[PDB]
Amino acid sequence: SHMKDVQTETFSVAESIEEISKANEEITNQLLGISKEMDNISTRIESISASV
Amino acid sequence: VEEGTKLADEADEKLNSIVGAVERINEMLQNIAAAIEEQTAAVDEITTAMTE
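So the sequences go chain by chain: J and I.
Residue numbering for the first sequence follows PDB author numbering, beginning at 222 and increasing consecutively.
Residue numbering for the second sequence follows PDB author numbering, beginning at 427 and increasing consecutively.
Among these hints, one or two may not hold up.
[To be verified] Listed next, with one range per pair, are the computed distances between beta-carbon atoms:
1. 470/I / 264/J: 44 to 52 Å
2. 266/J / 445/I: 53 to 61 Å
3. 271/J / 443/I: 49 to 57 Å
4. 474/I / 264/J: 44 to 52 Å
5. 478/I / 243/J: 57 to 65 Å
6. 270/J / 442/I: 44 to 52 Å
7. 445/I / 265/J: 54 to 62 Å
[Unchecked claim] Counterexamples of contact, computed for chain J against chain I with all Cβ distances above 12 Å:
8. 226
9. 236
10. 239
11. 246
12. 250
13. 251
14. 252
15. 268
16. 269
17. 272
18. 273
Just so you know, the hints here were simulated from the structure itself, not pulled from any lab data.
Note that beta-carbon positions come from the ideal geometry of N, C-alpha and C, so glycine has one too.
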């Protein structure tokens, strides 16, 4: 049928939504590690403030 | 003998007055000693707080 040129685009957006999903998950993982590291930096600055 | 007896009691008051004067110097030095020690303890805890 005419569903050939439909198929060539419905293969690539499934190989691309997968990279979006993977990359958004990498951003989410990095964000939550930074959030932890930042909330530990807060403690260290507060310790410097106490010394002041 | 009378002129020498009363002239001897002139030096006796002056030597007694030097004991008094020097023990006023000593009274000031004993307060500087405690203050320098207490100040030395405070500067140490600051140099520890700055090493932190």
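Now the hints, each set against the structure:
no., hint, in the structure
1, 470/I / 264/J: 44 to 52 Å, "violated, 25 Å"
2, 266/J / 445/I: 53 to 61 Å, "holds, 59 Å"
3, 271/J / 443/I: 49 to 57 Å, "holds, 54 Å"
4, 474/I / 264/J: 44 to 52 Å, "violated, 19 Å"
5, 478/I / 243/J: 57 to 65 Å, "violated, 43 Å"
6, 270/J / 442/I: 44 to 52 Å, "violated, 59 Å"
7, 445/I / 265/J: 54 to 62 Å, "holds, 59 Å"
8, 226, "holds, 69 Å"
9, 236, "holds, 54 Å"
10, 239, "holds, 49 Å"
11, 246, "holds, 39 Å"
12, 250, "holds, 33 Å"
13, 251, "holds, 31 Å"
14, 252, "holds, 31 Å"
15, 268, "violated, 7 Å"
16, 269, "violated, 8 Å"
17, 272, "violated, 4 Å"
18, 273, "violated, 8 Å"
Violation of the numbered hints given earlier is confined to hints 1, 4, 5, 6, 15, 16, 17, 18; the remaining hints are satisfied by the structure.
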